[PDB]
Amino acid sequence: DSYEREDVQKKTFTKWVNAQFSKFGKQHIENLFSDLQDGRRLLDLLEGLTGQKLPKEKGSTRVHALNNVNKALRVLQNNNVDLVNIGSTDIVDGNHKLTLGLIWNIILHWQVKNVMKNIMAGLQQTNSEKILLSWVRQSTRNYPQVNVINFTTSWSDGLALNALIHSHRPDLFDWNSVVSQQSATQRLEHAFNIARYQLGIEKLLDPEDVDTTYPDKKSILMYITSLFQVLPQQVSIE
């Protein structure tokens, strides 16, 4: 259930630690189960990682080894690295499972959790309108009569609005019977009622605010935001 290869983590985690020592022009380590024991190297990896200067104690002594690791554990704790169950004794007395654990937790912190930090940074280059438009388009990708590219004229014919509710709630009505209703005005009241009565959505709009040469962008946007607030919300980002 794990396929936790301790022999493989020994190598790749050493390659990872060495690739960072490389980035900071620092000596490489060769054995992960004993080269992290005195605490000096953990402090150096933490220097390139953090930016701080981490004075290291002398020691040939266990005592210094332990000071050196406690300081690295405090630096790590300030950086919010998971450390549950990893003490300095464990690193100084060479517990290979917890030494691999510590290195995994530093890798998760500074590399694996960047996936999520880059996504959040991606949200930030983005506004709500664009997230909403992507949600409408993904929701309506299997409805060929619909092609949404704006919050104005893509909605006059009444299809996009019905397709969007339909894509989330196929249970509420039949796609083709909206498609053969030639009246746009009638596709619209249909969707507004399904949205008011099946979904609880207040009718901000009248068919003439949508079915018109110059529909109002803000009112449609606002209305479609109401649908988004109560339907599933899978969107694309970055």
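Positions refer to the first chain, counted from 1. Compared with the form deposited in another entry:
Hinge residue among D90, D35, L123, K218 for the rigid-body motion between the two forms: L123. Treated as two rigid bodies, the chain shows a rotation of the smaller part against the larger of 179° between the two forms, based on C-alpha superposition.
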Second form
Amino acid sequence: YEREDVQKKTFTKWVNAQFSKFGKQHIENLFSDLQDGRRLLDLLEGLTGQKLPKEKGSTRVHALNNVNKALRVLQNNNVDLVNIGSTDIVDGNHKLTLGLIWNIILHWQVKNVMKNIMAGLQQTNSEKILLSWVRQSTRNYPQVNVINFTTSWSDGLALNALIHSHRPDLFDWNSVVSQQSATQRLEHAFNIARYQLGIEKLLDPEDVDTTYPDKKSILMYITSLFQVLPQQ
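Having seen the form deposited in one PDB entry, the form deposited in another entry:
Just this one chain is shown here; partners and other molecules are left out.
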């Protein structure tokens, strides 16, 4: 349940969702389009709201300066970072590029989205509180019993139940239960979240309806849902 090709795809979809939020250009390849250090600075500009000027020049030292600026901003935001140096990003290291993007997603999409609730509940484990939120929210949906952020989501019922429990107005639950295809249920939830909740479709059905669902991708998407669903 730690799947790196799926992570490449879904993390890139999240990065481009941020860029869509700010009207900037999308990236096409996560292991090439971050090397010059510019688009990382664009992403951190969008996330921090601060201007992060780029170095001028097309040599390796300018990319290294850009990435050093990005890493200094991350450390200034108390971000939990992987063991990384600027050269690892400039030179296209796959695992550490994925790991930096995951550090960013976890800091902003997960921890920061959930920070006020966690300070209220006086809890620190983000996964425990998010799992409890899903479980309590879907307690009265009988086809749903979420115990993890992987296989509990594969048949598409838990996602539709999480959406429905916070917005019972959007659809009739029995219409989803009557869908025998987990692909149709997953697409149904994805389309609701995309067009009625403003969440980019970070996940494909095959990223969830699969033998080993990627835990980080699902956690990312579920915390984005937590970010936009009403919890009055």
